[PDB]
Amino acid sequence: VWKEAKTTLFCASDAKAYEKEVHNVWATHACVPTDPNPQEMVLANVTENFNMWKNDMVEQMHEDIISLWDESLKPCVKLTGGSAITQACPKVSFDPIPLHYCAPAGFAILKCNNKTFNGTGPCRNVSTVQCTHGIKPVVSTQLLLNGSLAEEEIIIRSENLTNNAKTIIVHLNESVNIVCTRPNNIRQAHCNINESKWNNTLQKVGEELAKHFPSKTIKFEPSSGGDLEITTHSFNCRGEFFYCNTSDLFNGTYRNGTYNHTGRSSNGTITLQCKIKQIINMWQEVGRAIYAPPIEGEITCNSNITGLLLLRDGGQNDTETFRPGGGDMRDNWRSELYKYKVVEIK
């Protein structure tokens, strides 16, 4: 007595009504308090087909985050195709919160417990809950920040591996720490990553990729070209939009189980030059948004890289190249909603 049906979900959270952070402000009025303790209804001898690439839940989280940003991060100017809108854009407290998406009465959620599950195909080990796990609505490109990790090995997720245009989602099993700071140029910043740990990472990832390719050379290169939001690792820190140059990060070749990288510094750490931008291209809609100059003081963000977004170059020899990607924030949420599927208890 179960199948695949579309329904309108609601969110829950441990948001605090006294906190002036926008994620809390939005949540307390748009979400239900956490259960906060439902239970996993485990199932045996049952197999279902999940498809992280065609899932309503994602579009639903998409609209909410968009709404969340509409109330929270209001641009000074919003230019959309010739027309412009001005409005108050106060500086504010910004720091994402875990968001559990829940199913209404009559419906439930199916959870794949296969720790190797790639996001598509059958799943011989399922379960049941009313709400998903806490998901921080983190908007960023190239690198997935503050997500969950793969409990076992590194998983590679793509709607189609042989179609170089389909986005590759690498789910890391160990997190790489990243620290972006704008020290006391006012719009200048930088992010630090420990090479040795970024090295281990890309080797494991390199191998996991090799297992999906005819032992060709596997090179990593900076994004070919396009908007700054995509050609760079961009994200939001305390309300400020960081655009961090990643050309010293995705720079190395890994063939024959070997690992070789480029762009290091004395302390043995990779540094990324960043700019805090006022003019950005919106991820919510096709339109440009203009914000106020950066606040004062140390603007620093300490995050954990838990996944990558890649893009093979493909082409109609002996060398496959991948470049950082992103842009379509839906991918940022398939990487956390791959475990879930809405079902009708009907």
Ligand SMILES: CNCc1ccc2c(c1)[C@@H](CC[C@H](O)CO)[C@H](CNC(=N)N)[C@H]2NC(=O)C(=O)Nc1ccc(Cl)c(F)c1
Given for the second form:
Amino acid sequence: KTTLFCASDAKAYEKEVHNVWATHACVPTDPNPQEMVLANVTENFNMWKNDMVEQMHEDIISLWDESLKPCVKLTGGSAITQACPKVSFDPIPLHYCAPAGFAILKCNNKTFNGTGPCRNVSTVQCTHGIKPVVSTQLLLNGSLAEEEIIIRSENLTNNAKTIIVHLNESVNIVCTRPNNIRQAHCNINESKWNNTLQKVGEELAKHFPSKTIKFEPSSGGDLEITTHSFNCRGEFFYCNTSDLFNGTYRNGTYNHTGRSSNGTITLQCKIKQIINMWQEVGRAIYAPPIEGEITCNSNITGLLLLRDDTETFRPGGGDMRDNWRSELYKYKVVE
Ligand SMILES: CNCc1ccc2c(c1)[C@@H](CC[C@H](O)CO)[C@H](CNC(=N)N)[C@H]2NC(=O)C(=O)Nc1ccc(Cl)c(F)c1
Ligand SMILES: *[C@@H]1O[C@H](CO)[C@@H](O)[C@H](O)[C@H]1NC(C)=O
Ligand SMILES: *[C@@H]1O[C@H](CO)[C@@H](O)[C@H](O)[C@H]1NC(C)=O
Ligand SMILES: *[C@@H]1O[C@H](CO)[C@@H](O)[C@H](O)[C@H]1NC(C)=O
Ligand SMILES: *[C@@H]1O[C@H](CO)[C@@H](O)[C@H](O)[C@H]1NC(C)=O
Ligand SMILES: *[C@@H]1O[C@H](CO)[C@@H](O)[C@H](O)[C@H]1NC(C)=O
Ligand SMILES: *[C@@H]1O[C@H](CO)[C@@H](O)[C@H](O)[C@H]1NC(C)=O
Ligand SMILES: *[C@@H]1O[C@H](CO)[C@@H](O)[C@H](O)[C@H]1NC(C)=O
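Since the one above is the form deposited without this ligand, can you give the form solved in complex with this ligand too?
All chains and molecules follow, beginning with the one already shown.
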């Protein structure tokens, strides 16, 4: 309804590009903030129609555009050329804050699905701290649901609308390019994944009860969405998930079809130089990888899925606003 401002706990003395950007663009965070609880008020939210998501998307585009400058950027006809130094890159949490005369309403219902009326509302001045993690297929390093796993979607009947699965227990994913320079791998504990997908299958079953629930790899698209793509320490990883989204939840029970080995699923990854931009329709070319080992140790806290008797779910993503929504769903700007 208005322009918000960001608060961060950044350094003016870290090189780290999120810190640098935040110190120019954000004010410091309040040491202990004010919350007001209003259980009686009961208010409507719609996470799919949230101006905060667009404000954040604008900001993260700015951050990346100042911070991960490509050597060449191809948009439409033009090519744009510039210094592309290797940088230290590790997302930091950002708080979105209502300016004077406005507030931010938090929905406090642990099982709120992001849409409709919420009973226990709070009013606050800033959101919690959200790390702006850009990625596809798997949401990384977010905040978990307190209770159950929530299933969010603008329209679950519309199979074109992205489904956000909000997890209540994180699943570790470790991705490394060890010390072929492009080639890397990720390890996930197959038991832990096995479980998580048991219970996602349960929740999806509640919303589609006659059908049998299948997980299958991403059918088609650019590499950025047919793989789990993400930025680790400045390098763009593209990780094959066909052993991850590969299972059936039949009748109260999940089978995992992808292989594992010693009880780990290992995804093969490539580090790539030509990137299809998430900010706009265009290509970006970056310099070859830094040497050393590049390793990111991340929590999977959510999934982005797309639905095609049986219902079949594929990993999705590509619109980073869905990543922001997964964090901003319980917030609304008012007054
Ligand atoms: C779900 N709706 C379908 C769908 C699907 C894929 C994509 C979109 C929409 C566009 C969304 C644009 C948005 O509206 C911007 O405002 C976006 C266009 N971009 C092009 N080059 N064609 C395109 N997504 C990407 O390319 C992308 O995610 N790449 C990428 C790179 C680096 C990293 Cl690390 C990364 F994790 C991801
Ligand atoms: C979310 O909850 C609302 C009611 O609050 C309901 O109308 C809607 O269908 C639900 N959506 C999902 C995806 O569960
Ligand atoms: C998480 O939610 C699932 C599905 O909603 C539920 O079955 C499970 O008991 C919950 N687990 C934890 C650890 O909270
Ligand atoms: C969402 O689903 C379909 C679109 O396929 C349509 O009936 C309408 O847009 C929505 N329906 C419901 C029940 O919300
Ligand atoms: C989950 O993974 C563990 C470890 O590999 C395995 O022993 C168990 O049977 C699996 N459960 C399934 C596939 O339902
Ligand atoms: C992932 O790996 C499988 C088998 O290794 C292959 O069939 C599939 O095309 C790969 N997907 C991508 C996007 O590389
Ligand atoms: C599941 O994995 C196996 C081997 O890991 C592969 O042969 C199969 O094609 C995968 N399933 C799908 C639907 O791709
Ligand atoms: C997730 O957080 C950990 C700890 O801050 C970090 O090491 C890791 O690189 C993060 N993952 C991504 C993809 O940013």
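Here the rigid core means the biggest group of C-alpha atoms that line up within 1.5 Å when the two forms are laid on top of each other. Residue numbers count along the first chain shown, from 1. Only residues modelled in both forms are compared.
- When both forms sit on the same rigid core, the CA shifts between the two forms reach 2 angstroms or more only at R264 out of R264, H212, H133, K74.
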